[PDB]
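This document opens with one chain alone, in structure tokens, the form deposited in one PDB entry.
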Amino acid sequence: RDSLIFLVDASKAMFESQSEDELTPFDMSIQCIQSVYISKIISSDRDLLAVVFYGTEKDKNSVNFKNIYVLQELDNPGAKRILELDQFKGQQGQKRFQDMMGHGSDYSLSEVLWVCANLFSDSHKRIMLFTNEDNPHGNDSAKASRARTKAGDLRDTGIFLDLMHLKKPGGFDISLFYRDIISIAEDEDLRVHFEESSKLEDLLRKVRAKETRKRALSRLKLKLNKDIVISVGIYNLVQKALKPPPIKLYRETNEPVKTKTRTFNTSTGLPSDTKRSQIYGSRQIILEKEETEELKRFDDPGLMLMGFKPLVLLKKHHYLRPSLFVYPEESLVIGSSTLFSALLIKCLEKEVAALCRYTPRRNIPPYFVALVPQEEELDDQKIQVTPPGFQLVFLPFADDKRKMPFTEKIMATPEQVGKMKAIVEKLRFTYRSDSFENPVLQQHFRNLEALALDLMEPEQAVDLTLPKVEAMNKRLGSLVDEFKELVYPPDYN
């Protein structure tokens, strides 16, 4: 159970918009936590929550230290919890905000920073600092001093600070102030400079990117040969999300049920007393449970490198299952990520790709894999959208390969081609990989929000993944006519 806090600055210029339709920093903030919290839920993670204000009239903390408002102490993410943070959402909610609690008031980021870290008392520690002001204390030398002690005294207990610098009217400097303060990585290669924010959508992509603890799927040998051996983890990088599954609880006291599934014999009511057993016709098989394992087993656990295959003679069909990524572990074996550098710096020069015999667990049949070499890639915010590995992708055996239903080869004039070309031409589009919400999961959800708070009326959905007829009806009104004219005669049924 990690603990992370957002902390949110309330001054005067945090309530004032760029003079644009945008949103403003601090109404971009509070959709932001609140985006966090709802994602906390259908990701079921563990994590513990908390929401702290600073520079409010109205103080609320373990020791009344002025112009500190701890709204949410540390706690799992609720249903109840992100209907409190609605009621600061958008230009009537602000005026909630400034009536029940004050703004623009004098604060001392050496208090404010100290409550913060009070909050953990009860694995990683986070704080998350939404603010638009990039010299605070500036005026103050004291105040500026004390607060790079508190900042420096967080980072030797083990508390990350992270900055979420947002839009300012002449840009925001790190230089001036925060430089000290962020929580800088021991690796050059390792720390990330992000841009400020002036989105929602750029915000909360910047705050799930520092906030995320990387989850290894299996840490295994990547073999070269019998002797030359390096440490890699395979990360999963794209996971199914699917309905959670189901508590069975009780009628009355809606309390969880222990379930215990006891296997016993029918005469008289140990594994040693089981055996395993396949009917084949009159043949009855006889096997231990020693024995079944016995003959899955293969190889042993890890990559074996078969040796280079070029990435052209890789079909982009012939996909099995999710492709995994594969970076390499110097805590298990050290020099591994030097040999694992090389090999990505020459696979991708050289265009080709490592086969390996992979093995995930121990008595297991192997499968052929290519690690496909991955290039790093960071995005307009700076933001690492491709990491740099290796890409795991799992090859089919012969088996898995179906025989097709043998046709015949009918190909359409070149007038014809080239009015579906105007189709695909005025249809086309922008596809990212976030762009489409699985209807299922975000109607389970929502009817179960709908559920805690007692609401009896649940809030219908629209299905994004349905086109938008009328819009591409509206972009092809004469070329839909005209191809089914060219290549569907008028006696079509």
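Basically, rigid core = biggest C-alpha set you can superpose within 1.5 Å across the two forms. Positions refer to the first chain, counted from 1. Compared with the form deposited in another entry:
- The only C-alpha among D189, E377, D106, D227 that moves by 2 Å or more between the two forms, given a superposition on the rigid core, is that of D189.
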Given for the second form:
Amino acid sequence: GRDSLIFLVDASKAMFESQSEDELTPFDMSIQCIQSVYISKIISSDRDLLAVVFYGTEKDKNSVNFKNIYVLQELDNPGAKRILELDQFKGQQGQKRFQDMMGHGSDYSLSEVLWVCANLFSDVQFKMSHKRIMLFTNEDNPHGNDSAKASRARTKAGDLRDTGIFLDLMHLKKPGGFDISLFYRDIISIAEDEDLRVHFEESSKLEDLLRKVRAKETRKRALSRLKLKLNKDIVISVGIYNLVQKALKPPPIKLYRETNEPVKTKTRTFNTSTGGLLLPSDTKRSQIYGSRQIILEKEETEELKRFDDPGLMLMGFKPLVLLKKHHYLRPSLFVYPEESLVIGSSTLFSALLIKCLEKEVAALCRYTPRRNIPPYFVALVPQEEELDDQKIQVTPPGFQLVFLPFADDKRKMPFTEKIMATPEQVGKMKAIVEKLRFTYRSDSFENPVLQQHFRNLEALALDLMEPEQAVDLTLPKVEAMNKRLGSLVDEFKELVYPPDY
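Okay, that one was the form deposited in one PDB entry. Can I see the form deposited in another entry too?
Below: the lone chain, stripped of partners and molecules.
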């Protein structure tokens, strides 16, 4: 099926109160975070269903007419209009639009709120794989004054968890901090091997709230489940995952102008003379070498590609220092144990990981991703787990599957006489390097091409007179850099470039 995510936003008094005047209100932060997920799900052509519910509003909009619960958006595929609708509640002007449209600070009962959300999953005609409720609030004790409500909420929360609906808390900043143990500890869905250590800290920045949401929003999707053979007899099961996948400009789709409906495309193979459809058993494979035609069967062109059975065959252990940074061939993968196939895989995996780390060594393997494919040498680089200040998993624990090039993949460089700079010149450059120093983060740059493409689609889908212009984050901040460098540039030039250049 299609996965389901319901965004549940608190509309209490505290949600519109900023902790820092320069910082966004927990509500604005929530709206902006939701909009981002909606856009990201569009960028990646995701088939998941999204919903937007508010509680604590004076106005109510839901199927059983439960008071102070407003279903802004029912579960459905994201679009331009739904994103535009969320933009109406963005910023200080938006806060006014929301409060005058629906009201705020009214009394509610989380039990009724959860019923409305659970019902949205039931109304979906298509079958759903995952059912998830994401709660945005800076209130850590909603019914600390009403036992009757607190108890009903726990029972209902319990019922949802038993049904298979996940309840995740996106707790926002509150003066004196947000304490989960006071109430939500018994509401939120907790995985059996976490034991509350895996729970994220309170969000105070949109950036953090966004990553925390994005981290739970998408489920792991293995590229392949393979066997990691230490030998013929000792086989462990592993999952191969793609940590980085090139987000491409979605390909165009063929439509009829009058109907504006997508058109299906069938590609067939037929004999030119007879006109009849060609079976795969009616054609052969040819290659011409040394004035001769060499004919093979389709079955043989596959057989000549067969070496190892699919999986990872352990060759041995090579110290990490022997693996060159400049021997990059194609993006690296991630290896994690698959306990569901071979019982005992995780224990052996953990042992290998612990010892590879201690010895600063990599597990060299002969890799075969699927049947009838020649092998490639890969280095399984030990990777230790890393969590940031917010308790987000920056680096997952496992092995980095690093592809190693064959002699054919390497290219010899043209002859260049070695010319080296003096310490005086290197010194000037060092000073320049130190001036333009910055903190690199893998998520600092957005694809200008992708961003512009969807800004263009937004303008056309909403019939906007002008398309929104994306800010090219890849272009250097020239003016700032020049001022930051000052005379260092002219200094370097005098030491290197002759006036007659």
